[PDB]
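I would like the entire structure built from these sequences, with the hints used as guidance.
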Amino acid sequence: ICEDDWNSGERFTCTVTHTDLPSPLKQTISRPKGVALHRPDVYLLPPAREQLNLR
Amino acid sequence: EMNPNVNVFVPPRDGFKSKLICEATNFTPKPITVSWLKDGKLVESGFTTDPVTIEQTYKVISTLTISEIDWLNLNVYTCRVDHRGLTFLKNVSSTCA
Amino acid sequence: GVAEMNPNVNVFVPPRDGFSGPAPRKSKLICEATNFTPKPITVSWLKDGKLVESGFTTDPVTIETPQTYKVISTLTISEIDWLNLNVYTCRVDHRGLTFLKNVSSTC
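Note that the protein sequences, when read in sequence, are chains A, B and C. First residue of the first sequence? That's 1 in this note's numbering, and the numbers climb one at a time after it. First residue of the second sequence? That's 56 in this note's numbering, and the numbers climb one at a time after it. First residue of the third sequence? That's 153 in this note's numbering, and the numbers climb one at a time after it.
Hints listed in this document are in silico derivations from the structure and should not be mistaken for laboratory results. Please note: incorrect hints may appear among the correct ones.
[As the list claims (entries may be wrong)] Stretches of chain B that chain A covers, calculated by requiring three or more beta carbons in the stretch to come under 8 Å of a beta carbon on chain A:
#, stretch
1, 118 to 127
2, 143 to 152
[As the list claims (entries may be wrong)] Here are the simulated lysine to any residue pairs, SDA-like style, with alpha carbons at most 20 Å apart:
#, chain 1, residue 1, chain 2, residue 2
3, B, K145, C, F164
4, C, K222, B, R139
5, B, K74, C, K199
6, B, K85, B, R139
7, C, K199, B, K145
We put the beta carbon where it would ideally sit given N, CA and C, even for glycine.
Quick look at the structure:
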């Protein structure tokens, strides 16, 4: 799938052909639109001193 | 002049490439045209026509070569029968669908 | 007056809408075999272990490098017996070998 074809918001559903289920299932896999872009904030949490005592 | 009885058989539920038989017994006169369809589209090749036998009535059958993958995906195989200008259609699908 | 093969049992069943006519409706069962030589097969129908002696018509064996043949059979059944989940078996006797194929309408 082209990169430009995914950002346009198209319905890409896959189908299966199995003998147990006569009716194929459809799974809607589409990227939701209208969302915003937020800069992620990375924080590092050092381990507490209560764990280093156990060694 | 009587209307032929169109009957299309289906493969068993517990498995069986299978074949499709469209019987048109108890029909008159002897000439009869039998074709096959696939999801509303014409079929070029992949089927044969057995010679008409004698059961006065006759017996005409047709064999279609299909696949297991293309049969359990909600596909309609209509047996179009043209008899004395009358087009007979029989839409079939999966019983367990 | 040298090809020895085994028959392939193929049983056809009516669909959920294959019954027609005045009540009770009736249908047909077809048991065909292809790609086998010689052809000692005798058409026999078994309904839940009971031998059927009426309602069947054995058509003559036609002709389809080994020489293969094909046999087409027809058995008259009833809609009432089909709703009771009755297993139909097409008995095949090829050179003494017994071939069975149990079919039903269970999904």
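Outcome of the hint check:
With a cut-off of 8 Å between beta carbons, the stretch 118 to 127 of chain B has 3 residues touching chain A; three or more are needed, and the interface restraint holds. Counting residues of the stretch 143 to 152 of chain B whose C-beta lies closer than 8 Å to any C-beta of chain A gives 3; at least three are required, and the coverage claim holds. Proximity of B/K145 to C/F164 is assessed by CA-CA distance (about 17 Å); at most 20 Å being required, the pair is judged to hold. Distance restraint check for C/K222 and B/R139: the Cα-Cα separation of roughly 31 Å exceeds the 20 Å cut-off, and the hinted pair is therefore not satisfied.
As the CA atoms of B/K74 and C/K199 are separated by approximately 23 Å, the hinted pair breaks the 20 Å bound. Distance check on the hinted pair: B/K85 and B/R139 sit about 11 Å apart at the alpha-carbon level, within 20 Å; holds. A distance of roughly 29 Å separates the Cα atoms of C/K199 and B/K145; the hinted pair therefore is violated under the 20 Å criterion.
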